[PDB]
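Asks: Take the sequences, apply the hints, and build the full model.
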Amino acid sequence: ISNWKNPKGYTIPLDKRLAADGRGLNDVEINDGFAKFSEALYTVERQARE
Amino acid sequence: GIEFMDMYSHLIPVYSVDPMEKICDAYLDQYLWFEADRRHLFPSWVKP
Amino acid sequence: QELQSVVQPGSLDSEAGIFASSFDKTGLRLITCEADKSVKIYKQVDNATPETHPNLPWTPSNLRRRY
Amino acid sequence: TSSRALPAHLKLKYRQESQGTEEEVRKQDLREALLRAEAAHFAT
Amino acid sequence: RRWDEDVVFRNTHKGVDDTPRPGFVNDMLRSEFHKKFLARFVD
Amino acid sequence: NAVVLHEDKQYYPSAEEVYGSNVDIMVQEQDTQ
Amino acid sequence: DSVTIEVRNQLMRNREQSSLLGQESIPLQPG
Amino acid sequence: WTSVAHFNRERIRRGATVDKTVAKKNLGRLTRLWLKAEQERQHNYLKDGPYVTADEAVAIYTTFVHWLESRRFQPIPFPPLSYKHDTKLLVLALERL
Amino acid sequence: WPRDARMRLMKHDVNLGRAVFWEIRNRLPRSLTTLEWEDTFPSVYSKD
Amino acid sequence: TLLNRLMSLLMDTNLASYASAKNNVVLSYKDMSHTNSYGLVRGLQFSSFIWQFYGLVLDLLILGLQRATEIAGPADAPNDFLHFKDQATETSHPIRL
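First to last, the protein sequences are chains A, B, C, D, E, F, G, H, I and J. In terms of the authors' numbering, the first sequence opens at residue 255 and continues consecutively. In terms of the authors' numbering, the second sequence opens at residue 918 and continues consecutively. In terms of the authors' numbering, the third sequence opens at residue 407 and continues consecutively. In terms of the authors' numbering, the fourth sequence opens at residue 24 and continues consecutively. In terms of the authors' numbering, the fifth sequence opens at residue 223 and continues consecutively. In terms of the authors' numbering, the sixth sequence opens at residue 67 and continues consecutively. In terms of the authors' numbering, the seventh sequence opens at residue 379 and continues consecutively. In terms of the authors' numbering, the eighth sequence opens at residue 773 and continues consecutively. In terms of the authors' numbering, the ninth sequence opens at residue 1159 and continues consecutively. In terms of the authors' numbering, the tenth sequence opens at residue 1014 and continues consecutively.
FYI, nobody ran anything at the bench for these hints, they're computed from the structure. Treat the hints loosely; a few may be bogus.
[What the hints assert, rightly or not] Chain H is faced by these chain B residues, among others (derived, beta-carbon under 10 Å):
1) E920
2) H927
3) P930
4) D935
5) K939
6) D942
7) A943
8) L945
9) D946
10) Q947
11) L949
12) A953
13) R956
14) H957
15) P965
[What the hints assert, rightly or not] Derived pair list, reagent style DSS-like, types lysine-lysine, alpha-carbon separation capped at 27 Å:
16) A:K290 <-> E:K236
17) C:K443 <-> E:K257
18) A:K290 <-> J:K1098
Note that CB positions come from ideal geometry on N, CA and C, so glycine has one too.
Replies: Structure representation (structure tokens):
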């Protein structure tokens, strides 16, 4: 079941089209280094302001 | 949207933005450049 | 002897394959053309010594072949 | 008939004396030559 | 030296080299050739 | 602890790391004749 | 609640303006 | 596919072709390849964290703050409702569009 | 340019140009920008 | 994020936040799409200004605060394009222009 074309009508329910992808295998996580990075930017920003 | 303009030696990236957001961006651009020039933010050596 | 071909670093695991091969004129070097965009040369181990380099074990008289 | 089917290269070329004919390859010793060449390459 | 002691970053490129010449990666999308090609033809 | 820049990233081991030290690795990109 | 505390801190950070303005400050409760 | 794209783009750069179709095909291939590389670059950025360290960011912020306070820079305010020049800025932007 | 109007590649001048490039490149963090030698050309004026 | 924190210095928090969030868009060519989260989108109408003051930061990094102050001169009385107030300050550093 292709996301691009099909020569005949051949309606496919949405669940089957959704099931045909590799979205789950691709993880969505963020590095830990952002937490220390942003906080440092927030710390110095307050320090300079005071 | 994104597309490339062919110069046959390099490709220029061209971005297509929604019209209303384009109006808002253009007004913000004009306002920011007028305020920055009025307040002397860029010290003469930035070009153009 | 059983040997498993190992791909060069950029390839995938599924990219291991062999398409062409030939012994040289003497027969001491084997040239293999792989499905990996690489050519590999295989040489018999020089030290020999059948005591220290045994072949795969041979188990006789297990059963007649089906044929 | 066709332009590309006209006669061309009507003389077949055979390997000459010093070009590596069958006689010389049979006379030559390829094994020790190969090992010597490999050692010469290794030396670099 | 007193002409470079004002600055805030030093030796930022201390241990960088040219290019991995012996490296031949069998992946046309990750090779050095493709990276240079993209960095040249796209600006 | 050091960060790896995108241009400095390596995805694959060196041919030495994958073939051992008793194999000579030849990379003949360019012609010699 | 820890979440409502985090909302409290982020709302005050939202009210915090540019550093050059040199306005007042509010030390934030930990937790 | 990628090898053909490289060859055709080099030919186009030299100037050995005059096809519109070949130029358009190669432009499409280059766009696809560049977008693949860019998606990989963004994904690597999310994986490997912020390339600029915390110390570098602190140093850059400190230098910029010191520079701005040395030149007594008055920060730009949000444009009030009663701004004299709003119509003029608006018409300038509209003309540029 | 016709040479004798180009840069004469004296050892001292070349080393000075490369030293200047090295210093300026080290001035900048690698995480936000970098200077490539293939895009840089420091031209030296001296007694040579 | 560093861009947002820097832009917060020049202008109001609302304007800085708008300009920072405008750069984090979804770029789509044909069937390909991705979220731009690391680079700078040059297609925005104010991307010119955003780049101009981010590159004044790099100018400060390259020159340093003292040399930049010497070149630009006092904020109330800025120097000319390629001139200095006096020869003493002009010749006091290897960097002239």
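Asks: Would you mind marking each hint as holding or not holding in the structure?
Replies: Against the structure, the hints:
no., hint, in the structure
1, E920, "7 Å, holds"
2, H927, "9 Å, holds"
3, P930, "8 Å, holds"
4, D935, "13 Å, violated"
5, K939, "7 Å, holds"
6, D942, "9 Å, holds"
7, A943, "4 Å, holds"
8, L945, "9 Å, holds"
9, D946, "7 Å, holds"
10, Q947, "4 Å, holds"
11, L949, "7 Å, holds"
12, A953, "7 Å, holds"
13, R956, "6 Å, holds"
14, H957, "7 Å, holds"
15, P965, "16 Å, violated"
16, A:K290 <-> E:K236, "25 Å, holds"
17, C:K443 <-> E:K257, "20 Å, holds"
18, A:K290 <-> J:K1098, "44 Å, violated"
Comparing the model with each earlier hint shows violations of hints 4, 15 and 18; every other hint is respected.
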